Structure formats: C-alpha cells, structure tokens
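Quick setup: one chain, the form deposited without the ligand, written in structure tokens, and binding and motion questions come after.
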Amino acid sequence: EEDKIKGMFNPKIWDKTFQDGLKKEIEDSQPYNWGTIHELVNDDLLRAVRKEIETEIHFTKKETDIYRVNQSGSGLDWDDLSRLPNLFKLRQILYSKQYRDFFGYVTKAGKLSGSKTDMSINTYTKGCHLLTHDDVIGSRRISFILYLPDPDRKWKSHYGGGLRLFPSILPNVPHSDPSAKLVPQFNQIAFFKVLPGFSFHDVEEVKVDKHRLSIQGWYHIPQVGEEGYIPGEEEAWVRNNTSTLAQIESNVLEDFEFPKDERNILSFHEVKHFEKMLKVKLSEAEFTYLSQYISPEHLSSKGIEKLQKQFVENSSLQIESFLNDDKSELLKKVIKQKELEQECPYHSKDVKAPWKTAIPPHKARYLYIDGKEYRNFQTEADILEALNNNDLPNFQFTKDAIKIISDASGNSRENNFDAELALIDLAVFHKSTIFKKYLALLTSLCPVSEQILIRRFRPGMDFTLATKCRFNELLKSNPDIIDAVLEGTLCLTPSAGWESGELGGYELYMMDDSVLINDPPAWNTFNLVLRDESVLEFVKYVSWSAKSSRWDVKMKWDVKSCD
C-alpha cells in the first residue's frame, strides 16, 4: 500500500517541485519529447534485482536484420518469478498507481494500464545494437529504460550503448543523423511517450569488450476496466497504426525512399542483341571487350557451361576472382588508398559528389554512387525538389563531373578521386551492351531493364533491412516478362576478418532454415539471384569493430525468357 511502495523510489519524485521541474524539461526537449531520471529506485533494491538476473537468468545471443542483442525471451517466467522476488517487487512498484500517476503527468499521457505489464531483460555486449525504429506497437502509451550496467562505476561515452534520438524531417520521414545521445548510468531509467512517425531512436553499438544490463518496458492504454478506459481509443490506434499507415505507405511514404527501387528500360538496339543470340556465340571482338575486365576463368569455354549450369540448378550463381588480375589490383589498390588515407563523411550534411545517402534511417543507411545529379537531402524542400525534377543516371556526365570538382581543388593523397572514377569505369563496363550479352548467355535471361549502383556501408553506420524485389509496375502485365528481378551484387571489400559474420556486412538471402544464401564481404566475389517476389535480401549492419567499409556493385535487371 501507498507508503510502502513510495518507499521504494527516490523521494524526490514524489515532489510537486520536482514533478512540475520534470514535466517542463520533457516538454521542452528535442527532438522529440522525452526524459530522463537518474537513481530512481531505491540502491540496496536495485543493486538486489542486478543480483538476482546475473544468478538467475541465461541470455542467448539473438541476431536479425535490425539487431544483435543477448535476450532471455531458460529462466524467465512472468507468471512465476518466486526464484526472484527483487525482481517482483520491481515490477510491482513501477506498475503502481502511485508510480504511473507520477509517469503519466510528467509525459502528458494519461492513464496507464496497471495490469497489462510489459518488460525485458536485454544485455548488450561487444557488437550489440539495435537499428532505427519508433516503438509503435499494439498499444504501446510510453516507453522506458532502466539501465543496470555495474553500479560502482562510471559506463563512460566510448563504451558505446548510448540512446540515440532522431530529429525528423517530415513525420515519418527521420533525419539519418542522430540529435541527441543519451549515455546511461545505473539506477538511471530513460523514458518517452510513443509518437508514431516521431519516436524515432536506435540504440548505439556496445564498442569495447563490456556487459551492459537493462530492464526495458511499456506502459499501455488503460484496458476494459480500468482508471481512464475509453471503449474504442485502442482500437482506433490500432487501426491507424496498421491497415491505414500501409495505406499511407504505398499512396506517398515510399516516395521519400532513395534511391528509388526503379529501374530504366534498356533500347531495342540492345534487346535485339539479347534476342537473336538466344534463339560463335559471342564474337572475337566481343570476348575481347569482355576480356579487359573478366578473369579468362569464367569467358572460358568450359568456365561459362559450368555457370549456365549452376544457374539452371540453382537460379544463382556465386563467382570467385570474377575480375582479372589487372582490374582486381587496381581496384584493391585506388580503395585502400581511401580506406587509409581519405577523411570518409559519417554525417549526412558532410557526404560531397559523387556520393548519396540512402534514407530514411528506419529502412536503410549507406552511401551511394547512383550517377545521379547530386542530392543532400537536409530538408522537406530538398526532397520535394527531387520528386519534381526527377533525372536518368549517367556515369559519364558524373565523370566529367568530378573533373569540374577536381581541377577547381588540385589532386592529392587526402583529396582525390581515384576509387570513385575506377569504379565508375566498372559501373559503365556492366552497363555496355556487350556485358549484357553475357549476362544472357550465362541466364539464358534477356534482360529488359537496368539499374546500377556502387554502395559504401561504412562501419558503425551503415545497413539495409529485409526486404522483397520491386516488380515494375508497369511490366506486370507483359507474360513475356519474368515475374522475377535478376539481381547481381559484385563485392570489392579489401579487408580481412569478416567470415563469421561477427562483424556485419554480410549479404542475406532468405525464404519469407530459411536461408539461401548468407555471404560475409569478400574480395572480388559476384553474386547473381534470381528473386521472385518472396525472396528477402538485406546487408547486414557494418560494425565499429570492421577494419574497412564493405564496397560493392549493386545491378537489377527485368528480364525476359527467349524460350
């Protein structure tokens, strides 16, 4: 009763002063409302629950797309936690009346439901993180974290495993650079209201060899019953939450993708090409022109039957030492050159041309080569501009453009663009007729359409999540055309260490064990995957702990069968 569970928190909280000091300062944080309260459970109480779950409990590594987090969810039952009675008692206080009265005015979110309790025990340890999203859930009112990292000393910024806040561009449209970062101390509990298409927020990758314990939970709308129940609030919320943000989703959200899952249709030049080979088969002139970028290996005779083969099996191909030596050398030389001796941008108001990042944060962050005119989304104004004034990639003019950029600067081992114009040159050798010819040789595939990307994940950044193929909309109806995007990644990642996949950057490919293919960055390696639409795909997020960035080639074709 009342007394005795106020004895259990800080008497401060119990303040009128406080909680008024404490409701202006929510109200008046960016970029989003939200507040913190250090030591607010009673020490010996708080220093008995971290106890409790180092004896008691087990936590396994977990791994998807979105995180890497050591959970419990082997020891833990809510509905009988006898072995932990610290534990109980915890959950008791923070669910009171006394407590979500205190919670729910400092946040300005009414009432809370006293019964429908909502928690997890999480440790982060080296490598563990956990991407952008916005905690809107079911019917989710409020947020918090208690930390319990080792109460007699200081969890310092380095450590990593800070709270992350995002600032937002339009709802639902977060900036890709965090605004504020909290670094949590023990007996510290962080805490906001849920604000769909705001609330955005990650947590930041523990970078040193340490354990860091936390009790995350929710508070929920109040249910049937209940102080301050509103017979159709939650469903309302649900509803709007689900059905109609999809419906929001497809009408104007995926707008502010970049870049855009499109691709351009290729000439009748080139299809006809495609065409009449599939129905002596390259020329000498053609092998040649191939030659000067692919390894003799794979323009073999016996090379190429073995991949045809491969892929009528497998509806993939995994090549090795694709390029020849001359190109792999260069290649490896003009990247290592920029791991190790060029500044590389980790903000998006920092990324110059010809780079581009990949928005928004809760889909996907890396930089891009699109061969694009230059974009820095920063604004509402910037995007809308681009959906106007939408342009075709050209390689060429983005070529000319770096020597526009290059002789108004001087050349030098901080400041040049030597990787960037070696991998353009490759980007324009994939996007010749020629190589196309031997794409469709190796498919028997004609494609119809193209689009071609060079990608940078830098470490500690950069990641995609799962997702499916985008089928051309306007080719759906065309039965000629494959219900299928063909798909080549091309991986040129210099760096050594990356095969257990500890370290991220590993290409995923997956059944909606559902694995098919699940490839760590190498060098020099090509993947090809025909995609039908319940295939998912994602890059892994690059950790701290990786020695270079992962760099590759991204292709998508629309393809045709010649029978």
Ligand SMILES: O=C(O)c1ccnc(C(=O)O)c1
Contents of the next structure:
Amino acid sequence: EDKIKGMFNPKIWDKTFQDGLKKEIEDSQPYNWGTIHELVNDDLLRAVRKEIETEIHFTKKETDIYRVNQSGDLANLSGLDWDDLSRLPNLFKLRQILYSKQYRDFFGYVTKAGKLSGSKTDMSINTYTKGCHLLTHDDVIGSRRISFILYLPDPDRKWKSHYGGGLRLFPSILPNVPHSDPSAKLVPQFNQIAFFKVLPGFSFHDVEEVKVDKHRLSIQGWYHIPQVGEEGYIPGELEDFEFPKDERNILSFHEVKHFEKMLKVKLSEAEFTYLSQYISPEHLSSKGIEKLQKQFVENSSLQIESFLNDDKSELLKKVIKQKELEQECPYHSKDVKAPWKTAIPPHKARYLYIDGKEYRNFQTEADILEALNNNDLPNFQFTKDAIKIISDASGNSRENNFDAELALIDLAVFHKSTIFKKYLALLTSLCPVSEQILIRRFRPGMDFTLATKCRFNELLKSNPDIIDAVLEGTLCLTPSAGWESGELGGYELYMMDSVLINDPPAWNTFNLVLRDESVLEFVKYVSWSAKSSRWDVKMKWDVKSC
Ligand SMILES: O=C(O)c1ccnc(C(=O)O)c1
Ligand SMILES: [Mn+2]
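May I ask for the structure of the form deposited with the ligand bound now, the form deposited without the ligand having been displayed?
Up next: the whole complex, starting with the chain shown before.
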C-alpha cells in the first residue's frame, strides 16, 4: 500500500499537474476526454507487455462492428481468467494500482466523475493487426462510468500515424447524433492512456483500422459506479435522424393490378423485349425462369450470377472503373456533392448513396430539421436532369464527369419499371406493393452497415394479404479483385437471430431474399486495403400473396 504511488509517474500526485489536467479535460473537444503520457512505471509496464506476449493466446474475432484479436472469450480454453493471474504477476499489479484508492481519488478528481468502484475491476486485453478495427460506439453499457485505454505498442519504436490504429472521437450534431466524420484522432504510444467519462448520446469514438503489418497491444478498461455502500457510496446521492430512412413508397394501383392479374410465364413479347434491354438472356428463358422459380420456392431467396446482359455489364464496368481510377472520391461528408448523400449516423452506418431525393448534406442540426420538416420523394429522372446541367457547366472532363452516376441511375429506373416488377412477381409468385431503390457506394476505410432487421411498414401491419416479410434485392457491381476470402470486408451477410448468405463483393450478381422479422443483414466494413469501393443497387419491397 506504500509502494502504490511510486508505481506511477510522480507527476500525477502533484497538485499543479492535477489541477491543470482537470481544466484540460473540462475544456476538451468534442466531449470531455484526456490523455496522460508515461503513466506507469516504465519497468513495470515493460514487464506487463512481455508477460502478455508470452502468456496470453489471442484469437481473431470478427463481427459487424469489429475485427480484433481477443483474449476475453471464456468457455474457450484460450479465454483469459482474471481470477487466475498466477503467471501474470505484473498484470495483477497493474490492475491493483489502477483500481487503488489512491489512483481512483486522482482520476475521479480530474475527470469530475464522482466516486469510482475499486472492486468492480473491468479490463480486457486485445491486439490489433493489419485490417483490425472497431467501428463507432459510445461505450454506454451498465454501470460503466469512465473508459480508459492504456497502450502498449513496441516501447522502443514510435507508432506512426500512417500505421493506423488511431483512437477517433466524433463530435455531436445533436444528442445521440454524432457527426459522420471524426474531429480528433489520437496516435497512441507506449505507456500512454486515453480516457473519457462515458456519456450517453455523446461519447462516440472508434478505432481506426490498422493499415500495416504490425501488432498493437492495448488494455481497455472501465471504472464503474461503486457497489452500494462501497466506500460509503449511496445510489442517487432517434429513428428520425437516420438517413436514408428504412421506408418504402407504395406503388400505383395500375402496377399492383398488373401483378395480380398475372398471378391469377405470362410475359408478352414486348415485355421480354423491354427486360432484355438490361437482363441476361439466360435469366429470361423459359428454363431459366423455371429454375429461378423453383430455387425461390425452396429457399425463399435467389443468388443470381451474371444478372445483367453483356452490353449493360460492359457499360457499367467501364464507367465505374473509370471513376475509381481517375476521379477524387470524397472522404469527408462535407465534400460529398449531388447526387450523392452520406448515410448517418455513424454508430449505425456510413456509406454514399443516391436515392433520387433533393440534395442533403447534414453538417448541422438545422440541416437535419430542415429535411424532417420538408420530406420529399425520390425522382430519378429529375436527378438525371440536375446532373446533366451541373455536368455541362464544368465540362465533363475525365476528372469530373457523371458517367457512372448516369448509368447507375438508368439502371435504377429499369428496376423501378412496371415491367421489371412484373418479372420479379413472376420469379417469386409475390405481388410487390411498395418500393425503395438506392444506389450505394462503400469506400475503402470508411463505409459499412451494422446488423439490423427489416422494418415493417406500420400502416400495412393490419393487412392480411400483405406478407410479414420484406423482399430485398442487391445487385452488386464491384469490379475489383481480391475479395474472395472476406478479408477485405464488403461482404453481404444475412443471418438468423447461423448464416444464410455470406457473399463478398463480386461483379454483376443479384441476391434476393424474403426477410422475415428476425433475419439480420449487414455489409461488412470495407478495408482500407480494398482495391475499389463496393458498388451496388439496393431494392426493397413490401409484398402480398396472390
Ligand atoms: O481495445 C481498444 O483499444 C478499444 C478502444 C476503444 N474502445 C474499445 C471498447 O471495447 O469499447 C476498445
Ligand atoms: Mn470503446
């Protein structure tokens, strides 16, 4: 109990240091946080690092929100037992000093956090290697009160910014609506600690992907609200902001009656002619249709390869590749321009999309409230019109042309056609009654979605004819290679609340899934190492049985 203070940098016991740090935390941005360099006795932390590397077996784990080499999953033999640190005596001592009354008095003082539990120790040890990442979250769980991360990269080398693995903090547009882009990034060194009071609606942060073949070790922890009576402690002494909305617009009665009439291969020569403008002959034949029909009957899903015909395939591949190679992709939401929008908020998703609605760029609360007071509906031809006029002005250079947006919008218009929906009804024996179409681009090192269920149309819940499912299509147009292992991310994942579909990005594929209430779906974060964005067209429909 005497040697505890001496196991820290002596500056933290200095009144001048403490008061200075308290003020720095008070006045920090974008929410209250701070950092201390050279926190712990150097020999102790060096010994901890050596113990960890020697004694702990790390296991890669990937979910929608992270990829990390973990040690924490118990019931798996490699799982770290915090009740048995027999062989990690230095780690045992590190935990002891961090949760000591002496340190908690200091730390609670400078963070203005109030009392902190000494008995509720809560730490975990993780390494990040190339491709590892942890996407946006606020740490708000149970009795967590202060978050800290102590960093243990190689003590004899500087960790460089371009290595990645930075701790990024996100400012607040309004409570529970973090800005899509971070406003600060800490590049951590050995024996540096970062920390922040856990703040519902505000303490949003992530860990930037590690971009090089290095290992970075960290020890993440929390201080908790004390146990009742612990050291005297006495207890007590949003959908609206998501864009795009998971909402569909109902179809005209003309369309719905068309589909019913057909279901109660009744496609005309003229309709096949229209469908063959975009779709491969293989999938318009009597046999191809029969195969797809049976596959959907047996699986309630379809995974079609070479969906579009060669003409539209060649066109789209050219213009997408050209845009990838010769134009500057925006990498901040402020830089995104019509016809594109940024999906928000970043603790739910981040990607670029074209929805056909009037342009929005959400930098301020006022920008959001303006959109919510003035809801508008998609119109893809007007979006085309607007592009053409921006395009003519600048000139349509190799570096500014909208060739890819125009082709993609044309493709969206095809899927918006009454005849395509007739084809869809033919394949599925379902009658679409609503639609939402989005063109999406997932940039390397930025974009992703997280695991969510479909959103039923509330107004239609009482309708017996309408199936309790959402039909969802994905037309992938990703022309780059290297995705097959899933290691570059970008894979489309459908799973039950076991995996139904795990499809890395590929060129010219069409996935179709009839989702019941409990099916989860996401597109995994695209690695910085990916050779292009993931490009796709997303389609959703409410359906009734005929
Ligand atoms: O392990 C980390 O470095 C880390 C950083 C930020 N957040 C977490 C977390 O688990 O909340 C962990
Ligand atoms: Mn965290």
